[PDB]
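All protein chains of the complex are present and in place, except for one that has been dropped.
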Amino acid sequence: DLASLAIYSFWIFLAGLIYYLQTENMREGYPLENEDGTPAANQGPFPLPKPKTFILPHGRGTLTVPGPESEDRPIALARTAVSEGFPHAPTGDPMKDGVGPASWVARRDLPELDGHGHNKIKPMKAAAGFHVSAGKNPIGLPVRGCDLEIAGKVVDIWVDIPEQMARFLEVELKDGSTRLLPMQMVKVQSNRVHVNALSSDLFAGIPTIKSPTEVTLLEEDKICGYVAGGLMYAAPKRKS
Amino acid sequence: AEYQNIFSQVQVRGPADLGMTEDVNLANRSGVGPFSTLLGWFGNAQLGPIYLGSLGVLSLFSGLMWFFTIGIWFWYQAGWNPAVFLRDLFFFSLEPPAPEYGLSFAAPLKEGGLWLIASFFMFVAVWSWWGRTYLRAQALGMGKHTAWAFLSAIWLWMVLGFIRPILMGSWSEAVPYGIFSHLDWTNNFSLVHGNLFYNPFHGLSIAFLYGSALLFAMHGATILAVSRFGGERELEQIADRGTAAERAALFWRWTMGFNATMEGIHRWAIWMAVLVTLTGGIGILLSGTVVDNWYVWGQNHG
Partner (left out) sequence: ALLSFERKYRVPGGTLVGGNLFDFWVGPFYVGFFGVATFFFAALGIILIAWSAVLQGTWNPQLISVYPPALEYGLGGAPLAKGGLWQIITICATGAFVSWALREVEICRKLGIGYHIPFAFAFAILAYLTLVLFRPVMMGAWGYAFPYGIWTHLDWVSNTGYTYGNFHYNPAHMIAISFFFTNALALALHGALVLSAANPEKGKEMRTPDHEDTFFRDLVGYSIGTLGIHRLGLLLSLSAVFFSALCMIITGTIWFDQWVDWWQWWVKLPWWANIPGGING
């Protein structure tokens, strides 16, 4: 019967398809590893796929996956147990160390570029002629931490130019330096910007950017990781 | 509460974005449309530009001819009365030829001929639009994934209105143009074939349709959950994995014991969606040509 052949054939196709999809999805993070970093004995039934190579634009080179992997950064964590499957506890300040929900990844230390080779993310003052088009303009507002103290003031918005979107607020601290606060982690109110993730004491600790008019992928990760990290790690002073 | 990233808190605007050039014939591109602040709370504010070109003109003209052919039939069925037109709008139907006309293009205008004409226009509308999804990708040096995926929807559409009717030997099998009548046709199609719930290709199609909503809810919520680390910037996460993509993967690995990559989730996405109409088309194509009655077939598998 022809419908029978069709349905039996489709299920064979589907097994094939799932195999292809699962392997494609092992281009990153594999082989699996014991908690001490050695290759795990059990890798499961799907093999790693044949490598593929991405040609990155703007002469930024190439990426081949899968390939040799390492963290390229130290991890201030220690085992809490002899057997596997238990948590690794921070050996220092998890926020400063960039571990747990404060983790960051060693991305390129160059800014993301747009389709024409220009920096994707720019302070609005440098982005011609961008402006706030709707909603409360946060520039000039005091920035409040979860402890309800003022940590600084908003001096600009960093905008994703190709997507025309607010990506960070630039906040000026008491000492006249600035930090970037992720737009996803701030609440713009009528008389203030409120940051739930950080108490005022924690803003100085936000990682700084190397040049004041651009931000690199590495720096975004460190900044984002750190701010998110405060939801778990600044919970002593919160009290939201 | 804090920010949930469903709606933006602050919109910013700059010069209209006229887009990448590559091999695009820029003379065929319109200018920007207006900016929609309302849209801008959720997605992008900018409308346009659009690429036109010859294929697009053919496609839009053909598509309008399809629409107007149906609409004039409706005006006719309404006795040219605008009040009747509005009252009975969902009840009007442009129906295919009766079975006795078979595949004949000699069906009377008011008895299936106009359906054939409307159908000719739809056929070229859709196939020229397909050409378009291919050429627009090509002009930009892009892969042809869009045109490939569209082909799966076109397969179901083709099976319903063209392939199945030809294999059955009459246009009367095809779907009529009307709001309610297309529903009645769907109901009736299942009744006449012994209930589509016994068609294993209809059950697959459903698994994939439900699966599509499951997977887009998952992916969409995941990306928004890690948007605080730039997770929506997916192309750069592919080229240079970040903590967004890592936390995304680990949420799922810890939840259900496996996970995707930033690129690979988009392969799960595209296949989940295309499989809806791939399986559906097969299920419909086999109905009446090979299997009269799905209940009966299920009792046998023969």
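Descriptive notes on the structure:
Per-chain residue numbering starts at 1, and chain names A and B are given in the order in which the chains are listed.
Quick note on the criterion: a residue touches a chain if its C-beta (ideal position, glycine included) is under 8 Å from a C-beta of that chain, and two chains touch if they have at least 3 such contacts.
Of the candidate positions B:54, B:187 or B:300, contact with the unshown chain belongs to B:187. Mapped onto chain B, the footprint of the missing chain covers residues 4-6, 17, 19-20, 22, 24, 29-30, 33, 42-44, 47-51, 77-79, 81, 83-88, 90-92, 132-133, 136-146, 148-150, 152-153, 180, 183-184, 186-187, 195, 197, 209, 212-228, 232-236, 238-239, 241, 246-251, 253-259, 263, 266-274, 276. Even with one chain removed from view, chain A keeps its contact list with that chain: residues 28-35, 37, 40, 42, 54-57, 69-71, 75, 77, 80, 84-90, 94, 98-103, 105, 113-116, 162-163, 165, 228-229, 231-232.
Throughout what follows, only the chains that are shown with their structure count from here on.
Chain B makes touch with chain A in their complex at residues 2-3, 5, 8-15, 17, 20, 35, 37, 40-41, 44-46, 200-201, 204, 227-230, 233, 236, 238-247, 249, 258-265, 267-268, 271, 279, 282, 286, 290-291, 297, 300-302. Residues of chain A that touch chain B in their complex: 1-4, 6-7, 10, 17, 21-22, 24-29, 54, 56, 63, 103-105, 107-108, 112, 115, 124, 127-138, 157, 159, 161-167, 182-188, 196, 217, 220-221, 224-225, 227-228.
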